[PDB]
Amino acid sequence: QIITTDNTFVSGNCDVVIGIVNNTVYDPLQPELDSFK
Amino acid sequence: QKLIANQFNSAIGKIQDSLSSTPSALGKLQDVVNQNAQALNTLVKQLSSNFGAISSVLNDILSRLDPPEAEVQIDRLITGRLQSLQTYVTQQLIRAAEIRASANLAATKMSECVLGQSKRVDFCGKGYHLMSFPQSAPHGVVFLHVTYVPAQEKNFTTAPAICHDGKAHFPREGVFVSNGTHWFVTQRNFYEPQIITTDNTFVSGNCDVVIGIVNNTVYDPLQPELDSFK
Amino acid sequence: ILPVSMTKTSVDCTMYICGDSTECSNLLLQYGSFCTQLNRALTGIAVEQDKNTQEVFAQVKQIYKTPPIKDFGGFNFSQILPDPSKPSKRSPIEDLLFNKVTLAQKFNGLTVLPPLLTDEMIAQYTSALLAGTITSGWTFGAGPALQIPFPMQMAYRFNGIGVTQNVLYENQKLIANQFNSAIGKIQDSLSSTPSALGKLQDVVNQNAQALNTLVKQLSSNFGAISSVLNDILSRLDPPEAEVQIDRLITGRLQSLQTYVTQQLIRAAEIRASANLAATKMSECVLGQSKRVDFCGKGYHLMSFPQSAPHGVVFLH
Amino acid sequence: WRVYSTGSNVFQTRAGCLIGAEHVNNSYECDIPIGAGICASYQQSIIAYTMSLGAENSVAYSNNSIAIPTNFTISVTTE
Ligand SMILES: *[C@@H]1O[C@H](CO)[C@@H](O[C@@H]2O[C@H](CO)[C@@H](O)[C@H](O)[C@H]2NC(C)=O)[C@H](O)[C@H]1NC(C)=O
Ligand SMILES: *[C@@H]1O[C@H](CO)[C@@H](O[C@@H]2O[C@H](CO)[C@@H](O)[C@H](O)[C@H]2NC(C)=O)[C@H](O)[C@H]1NC(C)=O
Ligand SMILES: *[C@@H]1O[C@H](CO)[C@@H](O[C@@H]2O[C@H](CO)[C@@H](O)[C@H](O)[C@H]2NC(C)=O)[C@H](O)[C@H]1NC(C)=O
Ligand SMILES: *[C@@H]1O[C@H](CO)[C@@H](O[C@@H]2O[C@H](CO)[C@@H](O)[C@H](O)[C@H]2NC(C)=O)[C@H](O)[C@H]1NC(C)=O
Ligand SMILES: *[C@@H]1O[C@H](CO)[C@@H](O[C@@H]2O[C@H](CO)[C@@H](O)[C@H](O)[C@H]2NC(C)=O)[C@H](O)[C@H]1NC(C)=O
Ligand SMILES: *[C@@H]1O[C@H](CO)[C@@H](O[C@@H]2O[C@H](CO)[C@@H](O)[C@H](O)[C@H]2NC(C)=O)[C@H](O)[C@H]1NC(C)=O
Ligand SMILES: *[C@@H]1O[C@H](CO)[C@@H](O)[C@H](O)[C@H]1NC(C)=O
Ligand SMILES: *[C@@H]1O[C@H](CO)[C@@H](O)[C@H](O)[C@H]1NC(C)=O
Ligand SMILES: *[C@@H]1O[C@H](CO)[C@@H](O)[C@H](O)[C@H]1NC(C)=O
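Going down the list, the sequences are from chains A, B, C and D. According to PDB author numbering, the residues represented by the first sequence are 1113 to 1149, in order. According to PDB author numbering, the residues represented by the second sequence are 920 to 1149, in order. According to PDB author numbering, the residues represented by the third sequence are 726 to 828, 852 to 1064, in order. According to PDB author numbering, the residues represented by the fourth sequence are 633 to 675, 690 to 725, in order.
The reader is advised that the hints may include incorrect statements.
What the hints assert, rightly or not - Each computed DSBU-like pair below joins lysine-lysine, with the alpha-carbon atoms no more than 35 Å apart: (1) B:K1073 with C:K814; (2) C:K964 with B:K1045; (3) C:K964 with C:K947; (4) B:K1086 with C:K921.
What the hints assert, rightly or not - Sample of chain D residues at the chain C side, in silico, Cβ under 8 Å: (5) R634; (6) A668; (7) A672; (8) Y674; (9) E702; (10) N703; (11) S704; (12) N709; (13) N710; (14) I712.
In case anyone wonders, no lab produced these hints; they're calculated from the structure. C-beta: ideal position from N, C-alpha, C; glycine also.
When you get a sec, could you build the whole thing from the sequences and use the hints?
As structure tokens, then:
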């Protein structure tokens, strides 16, 4: 399934963790709020 | 991760010194060997006893008396030796039952601790249980329980619920704690404070139901995002 | 209710069989090392009983004390905490248990050894375990004791059986009242029927019966002239007195051997029961168990151990 | 054999008499089992005392006080 901000929890800075990979996390808020600018 | 690896490495290396520190560490196997060895030695020693007969040696029994009269002495010796052998066999059977119980316990410990996590307390060494490692032994099995025990604890003032506009708030996963000025939500087994509203709180009832409740601001990060559209 | 340890005992082979008569005693040594094996087995049984008691009850490296003021006044724990008014430190339920168990005497060759852990220290251990499970919750068995309010611990325990924290806090008064009523009712249920504690009276009475059977066998002559060696020594000539005393020796030795074997079987059964009780303690009071029906009917929340005259009782 | 029969150092217990072992009213751990909650250990001489159960740890408790760890330690326990 797609990586969304409602599926994963975020805590900490990127530097401390070893082995991370850069990627983009989808946000279900952005397209629902974009239709009601 | 580096600290956990360092602790695990420094912990395993201490097992060798702990085991080799004293000869009493391996008592549970030395006792098992020694009881059987001494029982066998006692059974062997029981052979050279008169048991009320004229002599304990078969050859002397045959040589000293004629068969019609030596038959009684042979019967006495045979009955005594049979009693000794029977009592040794009974002792060995009881000890075998005890060892079978211990082996079943060891098999259960292997199948639970080694091959997966176990939520049974104290069944996996003191403290919370992580992966475990077995080791072979001469007449048994020796385990290594990698446990997780908390330390360096500090106390905070808590409360079961947080008031917010006449609406009780409860922790989704954790416990409300406060350092005296502000309130946070943290996992129950490790101090890690966070903001409250975003995901880790669920709403039920009003404030008048619960007994001891405290007021605090419940701030959803959703609203600042909405104000970005104003 | 689970038995944990039978009464320790030990017999002197020469004193029991030979009556300390000289020549009859030196005649026994011809039979071999039968005397040493029985003494060693009885010593092993006694040390196993001691180990069972220590393993079941000494589950904590520290002793805890309940707070002087009961700030968890929702739930009422006066029926299981150590009552200070009585001269004994046993709790009211413990005191009811002690008075409900009744019948082990000295004899010619039989003795009884006191346990290492006296009853008062066993009660102290149980009080420490109860105070740990009341104040610090389930985490005092894993590491350092962590204080936590009792309603919050109950909220966690409810959260561990598939029901969220809403149920407890919104119904704290009802839960406290029901818990107090049940804790009051268990005492009446236990005191109502004397046969409730039968699992300990059984082992005590049956050990006493075995000991009496062992003692009663003296009177049996085993086909000899008389049951007293004095009559044989002072009446019959040595040539046949030797045969008669040897027959009596064989009979008494066989009786003692069968008693020793029966005690070994009983000790094995009691060791199994004590291991089960220790596992039950370590999985019930020192934490939460997901094992259904292993900790009583219904989903398990807590467990309060209490001492017994020769075992441990659990209040799931 | 009877040289260890001096009555000046005889200590009476609940599980028989003791000869040559000093008796102290303090509290220590279980070193050598004796019986009826008495254990003997080594100080110069041998001391026999009454058994003790760890060290008292009165945990502070309140209806609004909780404690959570801020650090961990990993331990390996043999069996
Ligand atoms: C993931 O993205 C971040 C940010 O774009 C990268 O961090 C920077 O990487 C460049 C090299 O590509 C460095 O010159 C910068 O100094 C980095 N920024 C900081 C603050 O250190 C990061 O390298 C990317 N991850 C990977 C694996 O390339
Ligand atoms: C309790 O925790 C709060 C967390 O916010 C502390 O407040 C912070 O204190 C630091 C100290 O330098 C400031 O830099 C932050 O700006 C403060 N944050 C806020 C939101 O005010 C507070 O000091 C702590 N109090 C105690 C007694 O530990
Ligand atoms: C924890 O217990 C203390 C001790 O009783 C409570 O403090 C009292 O609370 C009552 C009810 O609000 C007041 O009338 C008293 O004046 C308080 N006394 C003191 C000395 O503070 C406290 O309220 C309890 N807290 C909870 C959450 O139950
Ligand atoms: C938490 O907030 C509630 C309301 O948001 C407070 O209840 C108020 O208490 C005062 C007492 O002086 C009353 O005059 C108000 O009418 C109450 N408001 C409501 C909506 O009932 C409550 O006292 C606050 N508690 C704390 C500890 O600050
Ligand atoms: C907790 O339970 C104890 C029971 O031991 C209660 O004490 C009894 O209270 C009743 C109330 O009338 C008295 O008649 C009894 O004499 C008390 N003692 C006993 C041994 O029953 C106690 O009231 C309960 N509540 C609290 C807060 O302790
Ligand atoms: C948590 O505890 C560990 C040790 O159990 C701490 O690591 C120690 O840190 C000090 C100073 O940073 C070093 O001198 C020690 O050598 C470290 N111990 C080990 C075993 O490596 C760690 O700092 C603690 N965490 C916090 C946040 O204080
Ligand atoms: C994995 O191991 C390789 C070694 O071949 C190393 O080059 C790489 O950086 C490692 N990556 C991570 C995430 O550990
Ligand atoms: C935390 O516990 C200690 C005792 O271990 C106590 O002295 C202290 O007051 C407690 N903290 C607070 C905030 O009360
Ligand atoms: C130790 O205490 C006992 C009473 O508990 C007392 O009789 C004895 O004199 C004390 N010993 C010393 C050396 O004071």
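Hint check results:
no., hint, in the structure
1, B:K1073 with C:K814, "33 Å, holds"
2, C:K964 with B:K1045, "49 Å, violated"
3, C:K964 with C:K947, "26 Å, holds"
4, B:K1086 with C:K921, "20 Å, holds"
5, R634, "21 Å, violated"
6, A668, "4 Å, holds"
7, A672, "12 Å, violated"
8, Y674, "19 Å, violated"
9, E702, "6 Å, holds"
10, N703, "5 Å, holds"
11, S704, "5 Å, holds"
12, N709, "5 Å, holds"
13, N710, "6 Å, holds"
14, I712, "5 Å, holds"
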